[PDB]
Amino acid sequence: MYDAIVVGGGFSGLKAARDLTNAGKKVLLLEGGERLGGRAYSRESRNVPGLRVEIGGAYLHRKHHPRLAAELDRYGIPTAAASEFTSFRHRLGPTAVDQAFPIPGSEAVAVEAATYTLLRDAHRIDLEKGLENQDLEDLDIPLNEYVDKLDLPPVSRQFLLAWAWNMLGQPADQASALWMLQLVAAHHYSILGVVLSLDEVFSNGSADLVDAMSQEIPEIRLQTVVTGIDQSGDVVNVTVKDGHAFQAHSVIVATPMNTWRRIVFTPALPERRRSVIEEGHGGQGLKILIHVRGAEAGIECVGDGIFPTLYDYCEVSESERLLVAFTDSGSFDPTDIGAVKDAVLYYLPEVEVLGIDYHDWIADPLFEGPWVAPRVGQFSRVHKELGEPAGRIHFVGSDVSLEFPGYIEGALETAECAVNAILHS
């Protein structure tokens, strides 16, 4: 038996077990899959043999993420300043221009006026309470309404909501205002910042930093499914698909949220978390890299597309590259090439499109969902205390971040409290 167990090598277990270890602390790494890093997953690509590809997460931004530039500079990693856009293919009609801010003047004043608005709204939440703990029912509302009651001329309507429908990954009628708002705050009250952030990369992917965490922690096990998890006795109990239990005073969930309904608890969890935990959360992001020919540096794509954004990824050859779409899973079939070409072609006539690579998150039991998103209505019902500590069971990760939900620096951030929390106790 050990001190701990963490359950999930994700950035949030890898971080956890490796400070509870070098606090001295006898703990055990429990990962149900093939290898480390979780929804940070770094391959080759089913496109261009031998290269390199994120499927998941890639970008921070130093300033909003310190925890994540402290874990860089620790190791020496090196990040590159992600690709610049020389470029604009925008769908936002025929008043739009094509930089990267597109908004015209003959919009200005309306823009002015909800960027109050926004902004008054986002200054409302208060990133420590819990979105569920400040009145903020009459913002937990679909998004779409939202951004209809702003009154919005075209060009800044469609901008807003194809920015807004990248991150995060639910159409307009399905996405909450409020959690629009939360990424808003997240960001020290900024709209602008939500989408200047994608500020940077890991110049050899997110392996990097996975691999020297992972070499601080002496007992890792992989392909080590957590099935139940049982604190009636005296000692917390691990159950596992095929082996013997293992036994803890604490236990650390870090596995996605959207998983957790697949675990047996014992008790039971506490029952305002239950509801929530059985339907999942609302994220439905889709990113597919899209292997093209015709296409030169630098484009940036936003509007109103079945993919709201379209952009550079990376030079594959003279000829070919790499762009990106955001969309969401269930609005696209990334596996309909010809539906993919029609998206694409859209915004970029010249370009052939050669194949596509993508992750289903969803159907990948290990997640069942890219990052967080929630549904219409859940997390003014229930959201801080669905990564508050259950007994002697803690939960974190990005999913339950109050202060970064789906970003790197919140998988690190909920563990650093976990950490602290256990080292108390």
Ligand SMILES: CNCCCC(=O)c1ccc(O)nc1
Contents of the next structure:
There are 2 protein chains.
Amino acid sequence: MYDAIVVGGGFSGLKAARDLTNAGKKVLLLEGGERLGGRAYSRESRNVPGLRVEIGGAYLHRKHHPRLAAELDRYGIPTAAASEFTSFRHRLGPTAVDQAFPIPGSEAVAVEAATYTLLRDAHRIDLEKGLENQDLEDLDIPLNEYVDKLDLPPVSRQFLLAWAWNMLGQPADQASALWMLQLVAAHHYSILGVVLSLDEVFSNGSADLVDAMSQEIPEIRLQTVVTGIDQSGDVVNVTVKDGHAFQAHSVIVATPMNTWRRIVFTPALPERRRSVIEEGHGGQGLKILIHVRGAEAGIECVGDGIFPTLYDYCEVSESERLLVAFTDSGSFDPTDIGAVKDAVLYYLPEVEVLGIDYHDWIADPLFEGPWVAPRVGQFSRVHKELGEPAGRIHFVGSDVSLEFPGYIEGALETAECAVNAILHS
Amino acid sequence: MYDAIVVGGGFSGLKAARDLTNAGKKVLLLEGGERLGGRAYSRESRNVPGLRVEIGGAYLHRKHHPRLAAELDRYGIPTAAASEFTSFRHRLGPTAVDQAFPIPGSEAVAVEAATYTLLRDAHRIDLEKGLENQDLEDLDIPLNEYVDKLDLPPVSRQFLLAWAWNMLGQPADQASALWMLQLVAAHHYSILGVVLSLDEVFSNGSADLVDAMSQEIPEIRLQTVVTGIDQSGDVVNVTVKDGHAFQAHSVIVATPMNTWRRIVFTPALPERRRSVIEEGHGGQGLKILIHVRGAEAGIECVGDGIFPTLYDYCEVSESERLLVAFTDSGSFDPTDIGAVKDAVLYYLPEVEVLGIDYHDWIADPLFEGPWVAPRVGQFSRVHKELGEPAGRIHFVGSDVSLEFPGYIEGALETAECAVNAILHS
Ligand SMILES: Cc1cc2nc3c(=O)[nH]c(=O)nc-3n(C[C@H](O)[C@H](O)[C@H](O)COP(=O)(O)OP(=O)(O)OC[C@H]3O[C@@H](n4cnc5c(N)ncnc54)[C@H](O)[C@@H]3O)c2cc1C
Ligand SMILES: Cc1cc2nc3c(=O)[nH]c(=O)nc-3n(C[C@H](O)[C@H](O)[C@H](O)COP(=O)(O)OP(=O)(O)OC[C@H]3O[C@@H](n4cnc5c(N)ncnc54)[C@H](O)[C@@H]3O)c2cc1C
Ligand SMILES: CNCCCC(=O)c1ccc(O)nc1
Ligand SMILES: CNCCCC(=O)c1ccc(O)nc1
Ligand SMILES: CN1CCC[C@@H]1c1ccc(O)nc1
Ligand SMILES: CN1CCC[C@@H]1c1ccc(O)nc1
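Now that the form deposited without this ligand has been shown, please provide the structure of the form solved in complex with this ligand.
Following is the full complex, with the preceding chain placed first.
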């Protein structure tokens, strides 16, 4: 038997398992798949042989993300500034300006006012309490309705909705305004910070840190899918798809929220939690790497396209590049290459699409989702609860972070909490 | 005897006297000087013969200033867009950008935050109540201290303080933060609107409207300085520097606040009012028209100069122009032409100063001040009261407007109030 079993080998699981190990505990980490790192997934390009790409999480900001910064410093892991953008090719209408902040002067007053309104709303949110414990229900409404109340003129209206489509992985009519405001809160109550936190990448890929962390973890089982967690006895029993059970005093669930519904918990999880767990969150984020010819370097495009954002990712050669597009998988089918060409040519009519690369996170049974975003009405019913212990079973992950949800920093933050909870026992 | 005597023939007095006349009242207007229009003063340039200039109030915005808009439409008075600015020559340090909004991206987050803080503060202010009736005392502190609390980085810090020096006619250490916030409130709670309301000028000068209004006023006495207002009897008696007294049921004081202290009121004015009336406000605004050679058209400069602002005013010829500078008369001596040259050359080292033109509003015994600005601590003690009736004696003027203080619109607004008060009697 173990002091602790950690279920799931993303950053959250890895941290928990390492930190518990180093505290002198006997830890087992069970990972269902063939790799560690979870939604942090560097690998070779499908389009360009020998090219290493990030197919999930990539970007960080040392100052919004201090735990991650610490990890990077700990292992001497190199980061670099993302390629700064020099060419702006927006589709925000004829009054827009082609720079990084594309709002014209004629909109300045409206933006000023909307800025005050948004930040005043975000300031209603205390990040410690949970979104369900703060009388925030009036904000838990479709983002398109919230934004209609702001009565923004067209460039700023469309610019705000494009980055919110990007950031949430949801179209405006499925996104919750409260959740948008939560992201604002999470970035020291800054609308601007939401985009500015896309500051740096791993020079050598996220696997750098994955590998550094795992090397400190003594017991790991890959291809071990947990199907059962049973704390009806004195010691927790963890059953597994094709193997013998494992036992521990404590279990950490460090798997994605939208997979919890596939595990049988005994006893059943607290009732307040059950519906949302069954529903899942509504995150439909879709990140497409696009291999292209004819693109100048340093392009950034924001607009009203089916790709709200399209921007430079990496130089492939003197004529070729990868770009990255964000949309959502409800709205867009990345396997329809004619659709990809149309969405790119909308911004960049001179560019030829050579291929795309993505991961279908939503179809992956180890995930059933990209990053977290609630359906309208979910997180004002239940939110903080989702990341609280049920007896000896802890829940961690980016998905349940109050502080940094949907970011790597959130995976680290939740793990930190569970480790400490456990070490006091 | 009259139904009403109006004392002072600026826009406030003119409106009151006209509107009362048209209501069927018997009105006398007494003006102490040789002209009508008061701090709206078009005249021929001291520097350039045949050139008509505005030596006080000039700028308006039809949408912030609806009464003024109505007056212009009433008499068919033509306005034009002020010369839009195309050349920016700021002194805001090396990270500043030479455009109308000079804040660099590196400051964007700080500006966002400060914007929220300022507007949240301005929103404490209800424009109807008076600055003394709202528990705003914590804001009634030197602007430099308030701004130090914002902890702004240099370009935005200096940009904000430059326009506030301009707008208030006071250096940061004599200006009240509460008053700055009042100007913000007055512009539909917009920091930006404070500057954007410099939208248009009178095509033919402010005298256009002065003359249109006065033509509707049947009894006017120029060179008639009021020295006494006595409402101890049943009918008000108004005594005058060199002449027989005049009598009326009602008197409107439409003279500048800083001149009230020279009139003997009988009985004495309500005690709450007396100290501030004796002090006067601390407005030291100073507007200098500068005749120059070598200046390109469309210049605008904001910076940390003894002139916080310096901008284009009018084309004099192909080589010559007028610019306008704002500073304050405590800080700067406009009769020291070597000082003027230094202050211009700081922004514009290629420009030759040929002459300056201004009016010493502060030395003018008919004014004793430019536009209103309170000393720190004044208007949180007494403010609304200054513009309230004392028995049969009304107080109007830009100086006492809650809605639009220091603007022409405020002169119209206060007059409107007094007229209506009187017509209900
Ligand atoms: C397209 C995309 C782009 C992103 N971009 C960024 C970004 O730029 N910056 C950033 O900070 N974040 C980014 N992220 C979000 C961030 O990457 C994730 O929220 C974070 O990595 C999640 O870490 P975690 O440990 O909570 O979960 P995961 O990384 O999901 O780890 C969960 C582990 O559980 C395993 N598992 C599932 N079921 C079982 C089972 N029953 N038994 C055993 N194991 C199981 C899975 O294999 C997985 O390894 C992105 C995510 C996606 C999808
Ligand atoms: C340099 C400067 C620039 C300005 N720029 C602008 C601008 O761009 N836009 C804007 O809207 N406003 C501007 N103004 C502010 C605005 O012009 C004034 O607040 C406004 O015109 C005041 O009108 P009023 O009727 O209250 O008083 P005033 O115009 O001051 O009229 C007061 C009248 O009382 C007379 N008087 C004084 N004592 C007596 C006495 N005892 N008896 C009889 N008469 C007396 C004076 O002669 C005067 O005619 C500016 C002002 C100045 C000084
Ligand atoms: C460099 N930090 C964000 C700058 C502003 C911006 O618009 C942006 C968007 C995406 C990205 O990768 N980098 C920058
Ligand atoms: C044109 N309206 C204000 C534009 C912005 C500005 O900085 C400004 C300042 C003075 C002035 O006369 N006009 C404009
Ligand atoms: C997918 N989200 C989750 C955290 C940050 C990441 C992301 C990365 C790039 C981008 O353009 N938009 C969002
Ligand atoms: C003197 N203030 C009083 C109202 C507006 C006026 C003014 C005019 C021009 C300028 O640059 N600053 C202030």
